[PDB]
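Residues per chain are reported as follows:
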Amino acid sequence: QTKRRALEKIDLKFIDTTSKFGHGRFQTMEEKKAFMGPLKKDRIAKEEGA
Amino acid sequence: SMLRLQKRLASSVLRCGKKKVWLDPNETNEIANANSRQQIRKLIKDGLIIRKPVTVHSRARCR
Amino acid sequence: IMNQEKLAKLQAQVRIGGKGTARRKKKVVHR
Amino acid sequence: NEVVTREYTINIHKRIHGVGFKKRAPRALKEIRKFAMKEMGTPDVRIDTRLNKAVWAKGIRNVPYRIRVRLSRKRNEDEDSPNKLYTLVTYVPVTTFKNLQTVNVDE
Amino acid sequence: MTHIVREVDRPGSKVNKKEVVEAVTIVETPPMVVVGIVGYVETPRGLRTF
Amino acid sequence: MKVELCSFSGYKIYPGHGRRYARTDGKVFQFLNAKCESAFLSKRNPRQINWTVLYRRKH
RNA sequence: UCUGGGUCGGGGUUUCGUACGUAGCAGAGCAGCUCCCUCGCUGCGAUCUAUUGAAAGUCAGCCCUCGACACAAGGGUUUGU
RNA sequence: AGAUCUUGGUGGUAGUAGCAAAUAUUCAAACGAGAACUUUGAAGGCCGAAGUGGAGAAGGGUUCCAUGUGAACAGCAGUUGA
Ligand SMILES: [Mg+2]
Ligand SMILES: [Mg+2]
Ligand SMILES: [Mg+2]
Ligand SMILES: [Mg+2]
Ligand SMILES: [Mg+2]
Ligand SMILES: [Mg+2]
Ligand SMILES: [Mg+2]
Ligand SMILES: [Mg+2]
Ligand SMILES: [Mg+2]
Ligand SMILES: [Mg+2]
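Residue numbers (UniProt numbering), protein chains in the order written: chain Y, 354 to 403; chain H, 2 to 64; chain X, 49 to 79; chain B, 18 to 124; chain U, 53 to 102; chain S, 1 to 59.
Source of the hints: derived by calculation from the structure; they are not laboratory data. Among the hints, a few may not be true.
In silico contact screen, one side only, chain U against chain S (beta carbon under 8 Å); selected entries [as the list claims (entries may be wrong)]:
hint, residue
1, 55
2, 61
3, 73
Simulated restraints, written as ranges between beta carbons of each label pair [claimed, not checked]:
hint, chain 1, residue 1, chain 2, residue 2, range
4, Y, 368, U, 82, 36 to 46 Å
5, S, 6, B, 111, 21 to 31 Å
6, B, 51, S, 56, 12 to 22 Å
Backbone N, C-alpha and C fix where the C-beta goes; we use that ideal spot for every residue, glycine too.
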């Protein structure tokens, strides 16, 4: 390997982790929970379990 | 056995189509011995052969 | 006279179809 | 034991995925018949006529996604046949399919 | 597969000192376990397992 | 890690996602997907679509 | 097997876009009750609002379960320097 | 031994082409040695009154109707049948 394309240092700034099972639009579970806020499934979970 | 004759005779006696003839699925042997229109008349009165009601075509939606 | 079990088996013979089908008015055997 | 009865829910939608329109309801009854041969082991499977009405309730192509059945492994000791047990599958009407487990049912 | 974001270190290019996205393939590589050794000998008919 | 833009729906758009539309009048928009883009191009109001950020903060 | 893999269930993701029912001094208005009421009450009424980013689907070739249930050391045909 | 010979028979092709025009079947039971096809019942469909309905002319000539058989025929089967 001698071309400049070879031996060129790779410095990642960002890695995509959105859902590939469709048109995902959130990177993490926590980011999705933060943006949307509480849902019905989260309300009734603590409605019974306090 | 086969009740092709009995359904046709009951269709004529009841003055309906073969659509509307109900032969008893349980008393098949009783009906299979009915070879004449008189026996069909007796089986109709006995309740083994029944005229089914007209399929509903309501005009309530149109009204 | 009709008891609870006689009425229960009566329900089988009088229903000769699904919902919307007519009920079986009688079933009499005579010779 | 061997005369047990149990109560399952069959994901019809999963088993009829990809089937064409004029075959979804007939394939549903083949899939229910094939299901009953698995969990009960009997080659002789009888489908209750009310269960046949449930599958065809919405026509030939819009078969329901889920169906709640009841598999009963009864004795074939009424005649001479290569099978000594048959499975009679009936139809259990339910208003919901959430949190429904495969439950053993008393006779 | 996914995609990343990285700065480019390619002088003389339109994308020098710019952020680009690039498709990448993730290949899961658990450690391999060595369970044997083969020796070969060079013959006038090729390499053969010694 | 670049600039994060916002859609017809007001959702956050990450690099490598969605499209950018440059109208002749000079205004430029970006969309998360083809659902948001088609809604914009059909001139449907984002404040009348329930899953839109603009709807949820109006109501 | 330190069990196994199924079938349901659950969670995750995701698709569409806010379900039935109930409630509303919301609603173009209209028809009936006026000792009645001093501005009201009885029906019809598309639609709107809250419940409700809800409802519904989601592997069948999506991801993780270790929750439930049964089942799995079985069958048949062959093969020797 | 010939005549694209006459008549009769038989191969390869070959268990091959094919049995693909008009949406569609399913469950249970009975008869039966035997049921995808018969019959009954339940369901889902089609013709949709310019019909896949009910009756005639011409033509056919017994195909009509009962009972029975399951050889051959109905290009799969058949307990059914013109
Ligand atoms: Mg994808
Ligand atoms: Mg699930
Ligand atoms: Mg010769
Ligand atoms: Mg010669
Ligand atoms: Mg062939
Ligand atoms: Mg063919
Ligand atoms: Mg029609
Ligand atoms: Mg005619
Ligand atoms: Mg005849
Ligand atoms: Mg034939």
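Hints, one by one, checked against the model:
With 8 Å as the threshold, the beta carbon of residue 55(U) comes within range of chain S, its nearest partner Cβ sitting at about 5 Å, so the hint holds. Because the beta carbon of residue 61(U) sits about 17 Å from the nearest beta carbon in chain S, more than 8 Å, this interface hint is broken. Here the hint on residue 73(U) is kept, as its CB sits about 4 Å from the closest CB of chain S, short of 8 Å. In this structure, residue 368(Y) and residue 82(U) break the distance hint of 36 to 46 Å, their C-beta atoms being roughly 20 Å apart.
In this structure, residue 6(S) and residue 111(B) break the distance hint of 21 to 31 Å, their C-beta atoms being roughly 45 Å apart. Distance hint check for residue 51(B) and residue 56(S): the Cβ-Cβ separation is about 47 Å, which falls outside the suggested range of 12 to 22 Å.
When each numbered hint is compared with the structure, violations occur for hints 2, 4, 5 and 6.
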